[PDB]
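As structure tokens, one chain now follows by itself in the form deposited in one PDB entry.
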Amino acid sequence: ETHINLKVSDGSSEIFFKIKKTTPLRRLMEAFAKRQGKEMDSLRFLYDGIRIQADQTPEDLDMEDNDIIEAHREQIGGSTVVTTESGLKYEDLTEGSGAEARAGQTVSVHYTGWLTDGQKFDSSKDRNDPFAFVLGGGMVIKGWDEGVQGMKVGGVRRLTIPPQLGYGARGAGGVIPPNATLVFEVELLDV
């Protein structure tokens, strides 16, 4: 057996790779990152709890067919996922430096939204068009009205929105199913 199959999971997306046992894992890591639209260095890949280095081969690490590699977002400082009393979760990926978003203000953001299996359902960046809304105004889903509060301009926050703070039992747009948890990455551009 000259080749093996490896699964990379980021906790949402699961992608399989067929690779020669003597090929550096760089190729797999770069192929995985390419798909998620990121640079290989923005991610950490773990095998058996140990970070993979790009020059290492499957043979080097004694990997077997159908072994699993976990992909985590590089977050140097270390992050904290916050869970509020409503059940909303959020994590500041980058802290802003600018003014703070407060309820009642009109704010402008870029965003991407995904389902929990990793499927992208929308992004403002796809239309190169920042999105403005009145924070706390009931014109966006509740998880946004809560979750964007306290962001500072320049900040990137990742919201994990349970369905009662999203589209509930009815879903949305022929794409978001009933009872969907939603993941958004939101960048605050202006307040």
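Residue numbers count along the first chain shown, from 1. Only residues modelled in both forms are compared. Between two forms, the rigid core is the largest collection of C-alphas that superpose within 1.5 Å. First, how it differs from the form deposited in another entry.
- Each of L46, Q75, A132, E91 except one sits more than 12 positions from any hinge; the exception, lying at the hinge between rigid parts between these two forms, is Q75.
- Relative to the larger rigid part, the smaller part rotates 5 degrees between these two forms, based on C-alpha fits.
- Shifted stretches between these two forms, defined as 3+ consecutive common residues each with a CA displacement of 2 angstroms or more after rigid core fitting, are limited to 1 to 77.
I've shown you the form deposited in one PDB entry. Could you give me the structure of the form deposited in another entry?
Here you get just the chain by itself.
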């Protein structure tokens, strides 16, 4: 009766908040922002398609248990998902600036990879260590050699990789199953 549970989805993962219906959503927004290393005014929180104001409360918005808040931490408002001739899907979430990565260059990125059920299988951020590779050199799965081309520093791009451009029927490490579609969020840090 007094409290409410809310899902916040940022496009890649979901986390839950229990909050009193009389607490301003500022506390939820600040709690979510702190996880991303950002201040809440630099994130866009939407409920039923409408931007949430910090001094609004869940009662003010007539929210109900297990409602969803959409959180956008990246820079582009209204992105588009591109499907290429290979079946690779990619979505630019932040454009970045400067030179564009091209084949033969060594690029350094941060990434997180998830299965489509939401299970994370690896993240360079969990080691606080960027990952580098020679773009186009066949040293990573094919979906990455294709999908990281054209990125600029600061750019954040979400890749959805069909298994034939990933680990295929083999899978990987007892963690990625056979024929898994792979989702990566990639931030280009240096080229």
